[PDB]
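Engineer: Given next are the chains, with one letter for each unit.
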Amino acid sequence: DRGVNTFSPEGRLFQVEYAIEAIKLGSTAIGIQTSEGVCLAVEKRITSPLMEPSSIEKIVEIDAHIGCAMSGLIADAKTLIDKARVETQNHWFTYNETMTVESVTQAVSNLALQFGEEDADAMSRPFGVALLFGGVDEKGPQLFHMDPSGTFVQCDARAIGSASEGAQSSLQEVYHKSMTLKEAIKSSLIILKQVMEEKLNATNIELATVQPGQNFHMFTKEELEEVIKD
Amino acid sequence: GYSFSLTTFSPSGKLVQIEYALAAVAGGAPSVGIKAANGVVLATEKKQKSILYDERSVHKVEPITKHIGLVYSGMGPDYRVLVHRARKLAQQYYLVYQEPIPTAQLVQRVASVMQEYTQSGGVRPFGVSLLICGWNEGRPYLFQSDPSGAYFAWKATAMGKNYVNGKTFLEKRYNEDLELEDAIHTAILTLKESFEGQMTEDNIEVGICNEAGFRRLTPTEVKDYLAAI
Amino acid sequence: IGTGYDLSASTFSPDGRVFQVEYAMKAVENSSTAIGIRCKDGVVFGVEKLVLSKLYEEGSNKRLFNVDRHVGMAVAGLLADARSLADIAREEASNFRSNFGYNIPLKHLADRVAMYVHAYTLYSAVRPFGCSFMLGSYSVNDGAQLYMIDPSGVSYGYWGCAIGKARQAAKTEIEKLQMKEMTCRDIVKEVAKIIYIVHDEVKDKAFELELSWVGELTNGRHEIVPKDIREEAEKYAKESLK
Amino acid sequence: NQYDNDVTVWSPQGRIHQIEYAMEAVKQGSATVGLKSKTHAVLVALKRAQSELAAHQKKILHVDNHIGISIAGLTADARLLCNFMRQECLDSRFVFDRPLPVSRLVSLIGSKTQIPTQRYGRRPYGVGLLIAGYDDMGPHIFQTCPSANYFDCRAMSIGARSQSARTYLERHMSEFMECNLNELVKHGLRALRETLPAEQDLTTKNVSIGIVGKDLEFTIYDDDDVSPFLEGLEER
Amino acid sequence: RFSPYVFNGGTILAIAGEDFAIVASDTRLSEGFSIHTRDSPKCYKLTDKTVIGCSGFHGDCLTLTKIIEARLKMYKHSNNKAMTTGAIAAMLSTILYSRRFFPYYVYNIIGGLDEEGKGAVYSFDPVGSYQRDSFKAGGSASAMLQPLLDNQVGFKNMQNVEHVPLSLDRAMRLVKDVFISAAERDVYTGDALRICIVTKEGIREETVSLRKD
Amino acid sequence: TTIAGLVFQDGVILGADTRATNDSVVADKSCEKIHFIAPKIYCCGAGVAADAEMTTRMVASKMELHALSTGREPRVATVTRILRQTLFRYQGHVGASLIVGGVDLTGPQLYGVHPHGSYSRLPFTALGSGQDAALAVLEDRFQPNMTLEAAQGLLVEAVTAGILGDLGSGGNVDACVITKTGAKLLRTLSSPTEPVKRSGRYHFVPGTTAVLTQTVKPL
Amino acid sequence: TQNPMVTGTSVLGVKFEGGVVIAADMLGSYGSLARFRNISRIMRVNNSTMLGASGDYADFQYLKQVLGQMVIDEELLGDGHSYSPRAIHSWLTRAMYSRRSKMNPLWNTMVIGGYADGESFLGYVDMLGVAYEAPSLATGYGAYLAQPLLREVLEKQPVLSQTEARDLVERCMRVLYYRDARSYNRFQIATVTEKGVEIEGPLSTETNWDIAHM
Amino acid sequence: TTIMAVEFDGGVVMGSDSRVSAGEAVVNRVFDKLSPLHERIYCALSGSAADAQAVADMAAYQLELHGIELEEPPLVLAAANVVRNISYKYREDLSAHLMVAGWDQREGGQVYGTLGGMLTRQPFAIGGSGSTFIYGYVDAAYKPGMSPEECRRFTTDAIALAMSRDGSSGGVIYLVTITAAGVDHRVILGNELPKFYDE
Ligand SMILES: *[B]([O])([O])[C]([C]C1=[C][C]=[C]C([C][C])=[C]1)[N]C(=O)[C]([C]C1=[C][C]=[C][C]=[C]1)[N]C(=O)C1=N[C]=[C]N=[C]1
Ligand SMILES: *[B]([O])([O])[C]([C]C1=[C][C]=[C]C([C][C])=[C]1)[N]C(=O)[C]([C]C1=[C][C]=[C][C]=[C]1)[N]C(=O)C1=N[C]=[C]N=[C]1
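Chains as they are written, first to last, in the deposited numbering: chain E, 9 to 129, 132 to 240; chain B, 4 to 232; chain G, 3 to 244; chain F, 4 to 239; chain M, 1 to 213; chain i, 1 to 219; chain N, 1 to 214; chain H, 1 to 199.
Treat the hints with caution; some may be incorrect.
[Unchecked claim] Taking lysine-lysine and the DSS-like style, the derived pairs with C-alpha atoms no more than 30 Å apart in a straight line are: (1) E:192 <-> F:208; (2) F:217 <-> M:73; (3) M:176 <-> N:156; (4) M:176 <-> E:91; (5) E:91 <-> F:115; (6) F:61 <-> E:187; (7) B:69 <-> i:184.
Please keep in mind that the hints were generated in silico from the structure rather than gathered at the bench.
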């Protein structure tokens, strides 16, 4: 055995390397940042008709102007989502204002290499999750990616999960910086339909759009049906 | 420190570190305890490596309180830890109850500490088995506590090198109705069964317990017992 | 002996050795040579500070430290460990003045710091220091004093001392000097000469000479050897080599 | 084999393999260059992009009004070290009402990062920094590593292909002290571009600059703010 | 018994205008019937659009000031932007209430610009309750100047009066005349008047003199 | 309380009265104020009776652990130190005023230990509410190297002066003689008040007390 | 310290052209008793700064210990950086305020004089953390007797020579000896210039008692 | 109590009265207040008996281990700092004054004051309740360059003068002369005290 804080001969912590591999097992999710707002879409990956599709919440609201897409170990993500919601409200309390998308992404990111055995108070291992933070602030619509290494970057378009390689390839061929939010939603749905084993439907996937003056919105089944129609 | 146990269950269900601690005891110098009708004897082999050793400097038969005494087989330094702990435990009882601690009560308290070293983290069990004698409620007591933390009340018993033979020797040789004067003689004869050499008042150690409390016999008292052997 | 007996400082090998301390001693032996000489009116330090890159500043990685106003420290080994020991030594001297109201006597400081070093040679929880160091001091009452501590925590008093690659070669050269009757101005020239002699121009790259001294000449204060005197000692060192 | 696992284990060669493995993180981060003149300290770094759609990662961060840094290695450890530096600086201005002397800050980093190299279950920092500062001793360029050792530098380069950049800094070393800001920054850009592939050049998207000096507080130039400096580059 | 507080006096005042904010103070520092110094202005520049006036126990004034200064740097590092006037006010309330059981004996009046570039004034009590104001007076002569601000700047008790909003020139003249009256009647106010003007262009400082006694 | 000590030619004598008072009411006519520490070390307690009882009990227990470990007779300096360092730590809140007397390899010793942890090595001493009456007798007639009979006589007189002069003191005079060969605990050595006699005719005829309920539990 | 024991009275200070001068009597009083008539209440902090202290002597000695060590600590580095007089004044303000906030003050009122980069420094710090700079300072009873004389001269002539400043301080010590019932005719005059800190003593001001014959 | 120490060429002289009181009651009339802190280092005790004895016990302990570590007799400055630090750290809870005097190879005979955690070297020093009435006397009677005998006479006279005037002082005067050679213990009995005006 070796410690959770052991470096590989290449300069990377073995536990962080393996946590990234866990994300390759999670549901595929896409985010697209547009001048008119950020779009978030995720496959639920339902395994039984008996399972309530509403009980799978892979797109969450952090605050009115920020949303989050997750992949990997769904239970590890629930802890970081709560840490993000608490953060925004402690900032609202102290400073009477909203946080930037980057500030929230950075706050969640600080908890990444906060794991260990000896000399600790007390996480044993990293979080096996990847997050996409899509929201709007004074800098306009912003979309951020974060992985178990605590590395966060700003993205025009990003895909995470099992079919990350393929979905990003498709995103690259269709993304333009001037693309409308209507075209952003369509591309994400077409790319999501392509990568999933099961057929796409209004009760099979989740879609959320954050636009200035409209706030964070989670698309209804009736809204998802109208989008899938086109 | 090391917060995990060092004594664990083997696949066959044995606490092997306790078994190995008992081996340390079985290889130590022999000790004997005999519960007479009017008292208790504790006898041990105190044979040191050379004439250069000041025999009178350290003891194996030790007092705990006025009425309790002790002897061991195994690891000498481990024994000292239990002696201090036992003397302390006997004072805690006296401070609260204002009555000499019952021998069963001392033996139970001490045996709890021994059990602790079989489960507490980063420690090994004691490599010692103790013979504890006392006098309370007008009657004599003889107990044994082993490395697992288990205690036994004996009428007479042997520990250490050649204990199997000494234990059979005690069973057949003597029984109830022993006067303490007769019991001391038997304890020294049990020791003579294993002893290699001439047994003098400087290479054996005896302690007695009766109505007058516990005390270690002087070498002149041991000499007069050896005059008849 | 690669059989588990060499992975922890809380583990003796069957021949009664603590290999973790021996491997830590090897980190000093692999490092550049440091020398210290005790003479009639003080103590002088000299260090072969190898120039790893032309990019570094003159005076980068100073292997000589002021542990107290009257005490100096010369290091050889893993520099971050060496600097961590300098901070311990500093605090030890600081705590003596706060307790007793006067400058910590050098043997006492050597004793205290050597036991913080010793402490790291007993447990699986911590690692021995991969460092050896010298402490120099001068006062009228105590005289000139030079001590050396190794990764094991051993502290001895010295008339002459060397640590590092050329520890033995520098020792046969310090032995030629009759330091018990010499000055610090005289001994400075010699310290430089000994460092240039034991330096390996073929195997090693360029080096920079660090010279420090504490004695009657400095009023018992640990100082760097001024540029003036250092240039004069380096000139003699090069001229002697030919 | 067995001397790889923990920082408390010394190899039979007098080496600590975990420290050496942590240094491999620095060599794998993208190139950064730091250099100084008689009045200024410059940090020039290459920013990698994780895809065309992703942005070029922030390689240069603010520490105080007189100190700025450029990172190479574990970005989470770089943030940890940055906040320690920012805080140590805050303490000094709170207590003394004067900037923390740059060499003193660097000693605290060496003291702080050595602690986990000697404690079981702990690991060294997987971050190497280039520090740009200005104080009563003029401008400074410092280098810290996952081994708690630190260096006072005239110029320096850490990261992927940083050997190529080091060679330019050593060859042009003599011109740096009398350099003006435009020329000193251009020297930094040329060392940075020597690491870059033969097919690749500097860009108003992948270049990042940080400047601190005699009259200028630590300032970070990133995209169109970087353009005036790149407009002087002329060859290879 | 030792008392951790002492009253060092001094008057602060702020006015929020259409495109400006004035924060002003006397320069006197005292204790008992003694003057510590005659050059102790109570105005502290926090950002290029936020100034603060602090008055009360000088030990607490110096401390709360260094804490505010440190917290802004911390916020800038964390958010890569300067704190707005509103964020500094909201934060100061939490800092003051962090000492609810051992208060900072300080009267604070923040003055600067809001996100629309208009004048903003935020006034506080030692324990952290605050509100946005059109204008406010604090410190030793607080009660002398406040009724005149209510009248001349708020137009109170005046019927058939044209409500002309105050200009920088007219507000500057009023600050200079109220500190002259405060210095005539309040023993703790005097020596000089330090005025801080906050506009889109930044901060200017003006120093007019008051009575030396 | 009137507790007293003396150092004679062959040892130490310790004296004590037998009165325990609970606010001007005599609670106990015969309590034991002379306590055992070690075979040749005794201690008199005065003040809060629980504090004197427990601090004597604790040091006696600590001296048994001391002697068992060392294998030697305890020293009177050890009991003085153990007591002082404990009382000092409590800053006078443990209200025990003690007179420690005993014999060790260094001869006979007498010490006064106060509730705040201060001590004195004295040839004679007196503590308690009646200490001044005893200290007057001791000052008036103490001569060094007194005989056992002469020292017992002076001690009895010293405690007796306190018994009759102090309202917080009464009962009998308990004494303890400590010599190189051990200690003789002379309980009720002197009784300054002859057996109290009454013409008590307070018999109640069975049934005079009106009983409402009666339950009998056989055992 | 909730209740001071041995206390020092006024500490004087005035900046001149090229440095600062500070003065203090060498008395430690236990109430009205002049118990120690020869203790120094002035300290050289480093080459640019000097501190004089009023109030409790045991607390002053403690600060002298803490400061003294900080200076030694700095000097071991030898990095070309040293505490300015203003930095010592800033540290000392934080030190007093911190102890005051724990309800355990150091019972002192101090004057810090300095000279760094051609600038004279004079700063006041009390047991509560009240700090400020001024052209002249006077602690304790000196704030009532000596500060009016220092300010009277500084009103006529704001820039004083080292000699004028020195004579002004001697005039102030003479007044303090006549009027302060906790003073003594034994004092020290410490001066900080380009050359560094120079403490002079023991000094005494000549007294005139001709008013007795009136 | 009245305690006193005087420096001379080869060392110090320390003196004390012998009274231990509890209000208006003399508890011990023959107490020796000169307590040794090391061979050649002593302290004179005053104030709370419990506090003074506690500080002396701790100082002697700290100095014993200090001396064995330096392989040398502790310096009188070190012993003065030892007492001083305890008296200073606990000044709110302690009510004792322990004067520290003795001899060194380095600085010879030195006298120190520890009042309330302070530290001061004195040519001579006085302490305790009785010192209040002999300030004027010691100010008039002290002359520099006094021999050890002259120091003992100055100490005996000053302490007897205070003993007469102070109710909390009396009994016997204990004298101690610390020198390179060793320590001398004298006792001046209540019968043999020097006589002055006492009406
Ligand atoms: B003595 O009169 O001071 C006495 C001492 C005492 C009493 C009984 C037993 C012992 C064994 C050590 C000692 N103390 C008391 O009588 C106290 C009250 C007192 C306190 C201070 C001065 C005078 C008297 N009484 C009790 O504590 C008490 N009384 C009755 C029962 N339990 C306790
Ligand atoms: B002296 O008068 O200051 C004297 C000095 C002293 C110091 C250490 C040890 C002893 C004897 C054990 C004595 N102290 C006292 O006499 C004090 C009372 C005092 C204090 C200050 C001024 C005048 C008198 N004695 C006690 O505190 C004490 N002694 C006995 C019983 N209870 C308390």
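Engineer: Against the 30 Å threshold, does the CA-CA distance of residue 61 of chain F and residue 187 of chain E hold or violate the hint?
Structural biologist: holds, 21 Å
Engineer: Could you grab the alpha-carbon distance between residue 176 of chain M and residue 91 of chain E and see if it respects the 30 Å cut-off?
Structural biologist: violated, 51 Å
Engineer: For a C-alpha distance cap of 30 Å, please report whether residue 69 of chain B and residue 184 of chain i respect it.
Structural biologist: Within the cut-off at roughly 20 Å; holds.
Engineer: Does the alpha-carbon distance linking residue 192 of chain E and residue 208 of chain F stay inside the 30 Å limit?
Structural biologist: holds, 28 Å
Engineer: What's the verdict on residue 176 of chain M and residue 156 of chain N, does the C-alpha distance respect the 30 Å limit or exceed it?
Structural biologist: Holds - the C-alpha atoms of residue 156 of chain N and residue 176 of chain M are around 28 Å apart, at most 30 Å.
Engineer: Hinted pair, alpha-carbon criterion (30 Å max): residue 91 of chain E, residue 115 of chain F. Please report holds or violated.
Structural biologist: holds, 28 Å
Engineer: Is residue 217 of chain F close enough to residue 73 of chain M, meaning Cα to Cα at most 30 Å?
Structural biologist: It holds: about 21 Å lies between the C-alpha atoms, which stays within 30 Å.
The earlier numbered hint that this structure contradicts is number 4, and it is the only one.
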